[PDB]
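Given as structure tokens, the chain that follows is alone and in the form solved without the named molecule.
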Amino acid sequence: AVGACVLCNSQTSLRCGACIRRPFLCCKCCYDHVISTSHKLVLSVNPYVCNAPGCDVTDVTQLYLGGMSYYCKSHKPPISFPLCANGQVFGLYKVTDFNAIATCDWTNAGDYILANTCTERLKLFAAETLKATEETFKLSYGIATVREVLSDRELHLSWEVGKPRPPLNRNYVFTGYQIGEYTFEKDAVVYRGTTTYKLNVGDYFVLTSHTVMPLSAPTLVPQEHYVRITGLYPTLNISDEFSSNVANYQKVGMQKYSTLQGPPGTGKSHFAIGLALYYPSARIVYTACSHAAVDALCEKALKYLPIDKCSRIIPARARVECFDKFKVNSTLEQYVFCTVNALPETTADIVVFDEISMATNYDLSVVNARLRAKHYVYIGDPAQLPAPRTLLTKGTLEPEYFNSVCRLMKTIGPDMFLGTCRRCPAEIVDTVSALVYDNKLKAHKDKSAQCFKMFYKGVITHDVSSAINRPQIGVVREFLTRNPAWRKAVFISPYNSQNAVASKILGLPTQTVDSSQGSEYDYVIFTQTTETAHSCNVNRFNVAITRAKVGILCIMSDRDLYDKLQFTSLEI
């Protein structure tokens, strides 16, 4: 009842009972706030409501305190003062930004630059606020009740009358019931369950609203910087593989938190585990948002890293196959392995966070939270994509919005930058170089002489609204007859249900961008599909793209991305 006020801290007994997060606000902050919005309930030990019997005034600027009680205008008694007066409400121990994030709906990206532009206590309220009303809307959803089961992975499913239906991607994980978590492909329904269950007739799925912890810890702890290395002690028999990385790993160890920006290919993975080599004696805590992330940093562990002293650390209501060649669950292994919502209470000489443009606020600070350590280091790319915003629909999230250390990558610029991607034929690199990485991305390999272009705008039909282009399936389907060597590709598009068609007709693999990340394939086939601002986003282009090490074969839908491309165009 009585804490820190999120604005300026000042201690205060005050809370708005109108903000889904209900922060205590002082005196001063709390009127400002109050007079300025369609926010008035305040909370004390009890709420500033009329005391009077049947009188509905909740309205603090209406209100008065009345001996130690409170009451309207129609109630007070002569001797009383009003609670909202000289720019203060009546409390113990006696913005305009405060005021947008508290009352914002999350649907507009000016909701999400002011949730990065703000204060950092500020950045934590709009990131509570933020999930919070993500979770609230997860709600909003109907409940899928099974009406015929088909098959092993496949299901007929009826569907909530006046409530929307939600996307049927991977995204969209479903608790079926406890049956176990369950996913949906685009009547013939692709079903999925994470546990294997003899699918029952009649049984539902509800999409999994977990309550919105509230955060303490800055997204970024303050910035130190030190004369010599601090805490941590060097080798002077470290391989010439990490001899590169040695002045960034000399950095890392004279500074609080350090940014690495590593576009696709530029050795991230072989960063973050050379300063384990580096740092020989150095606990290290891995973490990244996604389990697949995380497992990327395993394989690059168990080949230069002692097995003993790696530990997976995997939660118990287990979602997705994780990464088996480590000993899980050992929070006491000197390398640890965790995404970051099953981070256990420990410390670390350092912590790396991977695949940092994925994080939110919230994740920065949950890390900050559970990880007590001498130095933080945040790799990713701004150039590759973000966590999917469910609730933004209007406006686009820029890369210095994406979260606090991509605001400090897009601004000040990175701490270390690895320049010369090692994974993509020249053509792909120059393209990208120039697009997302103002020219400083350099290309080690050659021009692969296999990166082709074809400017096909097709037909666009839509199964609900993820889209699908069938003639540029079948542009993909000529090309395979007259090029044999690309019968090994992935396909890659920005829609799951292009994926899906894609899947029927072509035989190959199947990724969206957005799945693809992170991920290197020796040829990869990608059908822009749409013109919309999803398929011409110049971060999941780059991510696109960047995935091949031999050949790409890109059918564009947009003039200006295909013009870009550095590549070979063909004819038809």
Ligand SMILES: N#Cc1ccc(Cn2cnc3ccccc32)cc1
Contents of the next structure:
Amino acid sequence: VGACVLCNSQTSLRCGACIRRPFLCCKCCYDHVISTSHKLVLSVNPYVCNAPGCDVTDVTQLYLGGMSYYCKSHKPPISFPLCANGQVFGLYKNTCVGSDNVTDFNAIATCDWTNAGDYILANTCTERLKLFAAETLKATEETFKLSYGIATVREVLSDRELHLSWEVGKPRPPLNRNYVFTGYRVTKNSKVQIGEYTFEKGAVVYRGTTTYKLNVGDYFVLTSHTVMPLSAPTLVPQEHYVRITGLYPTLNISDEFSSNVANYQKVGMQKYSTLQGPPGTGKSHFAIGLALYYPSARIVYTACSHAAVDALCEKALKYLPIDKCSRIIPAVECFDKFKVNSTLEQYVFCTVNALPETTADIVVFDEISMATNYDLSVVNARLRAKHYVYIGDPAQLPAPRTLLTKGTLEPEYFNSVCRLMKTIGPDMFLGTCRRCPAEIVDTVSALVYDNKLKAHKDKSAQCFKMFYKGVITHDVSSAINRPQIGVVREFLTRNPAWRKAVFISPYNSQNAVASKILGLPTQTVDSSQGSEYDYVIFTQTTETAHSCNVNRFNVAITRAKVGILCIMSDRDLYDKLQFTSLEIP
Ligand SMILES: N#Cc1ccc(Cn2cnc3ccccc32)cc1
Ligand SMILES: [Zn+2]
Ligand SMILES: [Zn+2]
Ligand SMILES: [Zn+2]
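Starting from the form solved without the named molecule above, please write out the structure of the form deposited with the named molecule bound.
Every chain and every other molecule in the complex is listed next, the one we just looked at coming first.
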């Protein structure tokens, strides 16, 4: 027994063809089954034929005959159908409202999540459907990982470098940081974990969650996890207040946090508030300042990633009493300067998926472009707070959608929070970039921030662009442009100061070629989010939807504190780069 995801109408039926098995009310369960291929229906039992060696599972072909279900062929003389009168048979048959349409719920139940349209619906539908879609999507994602063949150690060529043998009759996953494996040592009668791992073409380069002497026979699978069902909505109901509520502001604050005093007061006068923090605008500074602004307030800092939580801790450690902080870790090496797993501590830093059930004066959820509606609902489920603050930048990168191919995902559709910020705008905006040369701030202010992002720094006059399509080659799941690395090699011979530069591209394979040929440190745009470097060399590599994503581009070029070279493929973004152009040698 449970609740109709469309009606909430109390019900005893769950669709058994739905990977999540949502409770559906007599009306909704029927409208679902007759309007899709979903025809298996589960109650306190499964509406299948209890006839010895029959295969009938279609509820539209089955009859209650006794207290046992039968198809046409096996039914007793006395039986009534399970599925008739616009209703499917179970408990609570007289309490059942239905819906005008069930069309949206069917799409969510039946979509393969390869089309942007699927994520658009999942974010424009009613809230209980946002939860259903988010479970359905996450479970589809976890199951899709199993589809991938096991990788086994055939040889150990060196340290840091391996030979892999791959399971026949199953695709192999892309070998980039988005795909995190778990290794396993072959044992007596079973297997035991041996840390997590990531791989990259050689043979294959492996960067593991610990060191070992891993030998032949050790194998790797993308560890999938159980997706629990969602209860809480993605956003609580907004409330606006006429005074600050439940928070006591400090009388004496430092001039370091003085620029956020207005914003901190906003945070005290609504239930939840959205803060858009462009690159190098002081999001963590803002997040920690709030503590000092509300000294007695219990604050739970959360983000999706251990990295994002650890950065909050690093900042905390520079301003908040250490004895008043705890880092929450479930039984990967993360921040270890606070007492560990102390939930009643005044400042609690903790990934979403590891959050305890607890209350707080404020909840700060950071790096919000990267949250899914799944993570959103989890926080509202785990954390009951007087105020919720959502800090991120919907102009930056979202969580990868491993299943998505047909369409690009716009920021309004990354999650409920980014939807709000891109539709009703953000409650709060950090409009001064302290990181980047002016030429890079002018460029992204125009590109994605409506000319509201202002440069602290002056022009560096070390921001350059080059239009060079060169030559694109493809390997199994990535792109290479050797002539764009050539141009950069030739640029470095003539500008050797630029050998302190970080190399950034949209493709881990470009990065690997570049690392060999140039010896610069490499980052994918996606791995670079949240890091800064004085000098950045950027090869677009291709003009794909991927390599022209305006959010990826925004992140690529705002990594530079001083200078950047952008070797561009796309004539559109080359022309939006407010940078000194350079000719081709
Ligand atoms: N869609 C939807 C949906 C709306 C409300 C609830 C009631 N509920 C349960 N847990 C909650 C936490 C915070 C706030 C409300 C909450 C459940 C699902
Ligand atoms: Zn179904
Ligand atoms: Zn219903
Ligand atoms: Zn039968």
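We call the rigid core the largest set of C-alpha positions that still match within 1.5 Å between the two forms. Positions refer to the first chain, counted from 1.
A.B. asks: Once both forms sit on the same rigid core, is the C-alpha displacement of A52 at or above 2 Å between these two forms?
C.D. replies: Moves: yes, 2 Å or greater.
A.B. asks: Is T195 among the residues whose Cα moves by 2 Å or more between these two forms after superposition of the rigid core?
C.D. replies: Yes, shifts by 2 Å or more.
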